[PDB]
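A lone chain, given as structure tokens: the form deposited without the named molecule.
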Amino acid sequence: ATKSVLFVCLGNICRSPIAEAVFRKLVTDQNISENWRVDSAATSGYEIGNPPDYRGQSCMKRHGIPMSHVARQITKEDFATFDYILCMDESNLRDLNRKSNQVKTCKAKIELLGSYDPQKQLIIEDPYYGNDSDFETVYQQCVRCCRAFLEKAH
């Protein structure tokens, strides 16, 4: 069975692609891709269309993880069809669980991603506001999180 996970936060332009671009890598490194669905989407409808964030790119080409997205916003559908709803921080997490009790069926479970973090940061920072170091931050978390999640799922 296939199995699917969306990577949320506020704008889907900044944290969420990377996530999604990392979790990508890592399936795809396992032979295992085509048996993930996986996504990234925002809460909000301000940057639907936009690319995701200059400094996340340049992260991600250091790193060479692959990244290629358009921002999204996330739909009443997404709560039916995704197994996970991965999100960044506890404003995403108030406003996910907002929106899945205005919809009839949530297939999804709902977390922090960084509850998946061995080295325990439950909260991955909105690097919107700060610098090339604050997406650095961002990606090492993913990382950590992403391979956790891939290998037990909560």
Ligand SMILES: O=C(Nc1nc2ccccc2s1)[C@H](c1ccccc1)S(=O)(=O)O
The other form holds:
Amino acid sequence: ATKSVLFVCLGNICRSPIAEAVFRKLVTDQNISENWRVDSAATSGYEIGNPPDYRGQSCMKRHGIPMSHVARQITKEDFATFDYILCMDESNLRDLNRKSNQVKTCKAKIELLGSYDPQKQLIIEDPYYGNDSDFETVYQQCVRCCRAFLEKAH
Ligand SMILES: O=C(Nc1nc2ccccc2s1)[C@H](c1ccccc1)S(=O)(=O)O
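Show the same protein again, this time as the form deposited with the named molecule bound rather than the form deposited without the named molecule.
And the full complex, kicking off with our chain again.
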């Protein structure tokens, strides 16, 4: 409602829907989900319409955080409506900045989600060709960064 955040990755089937679900849980547990619009989107069109990769679901189920999303690509409107667009890596950041320069209204602050990590792990690497441990690392990064971002936005 008041505040809004859009998490962004390459496909919007793993890193960003995980961040979105982690963040939504955090605000729900703190009684303030009503004050937040939370969403996720992709820089690419590779996965439009698809659900989160089941490898990410396996990880999320272990941690007891339900995750549901239909992959969608970032749009021009997103720059106008979101307070924060938080992405995973330097390619995402570059692509988002490119798209932001094509619109009249950019309300969004566009940043690396990892810039909020107290442990300074700046990049949330694509685990597509990784193993279970890589998905777990992404999850842990999302938890740390989402907590810090909620605490105090840049
Ligand atoms: O979409 C993803 N990676 C992609 N890798 C390729 C490689 C070749 C062609 C298209 C793509 S999209 C990532 C991801 C997706 C699923 C599982 C883990 C990570 S995501 O960005 O975290 O969703």
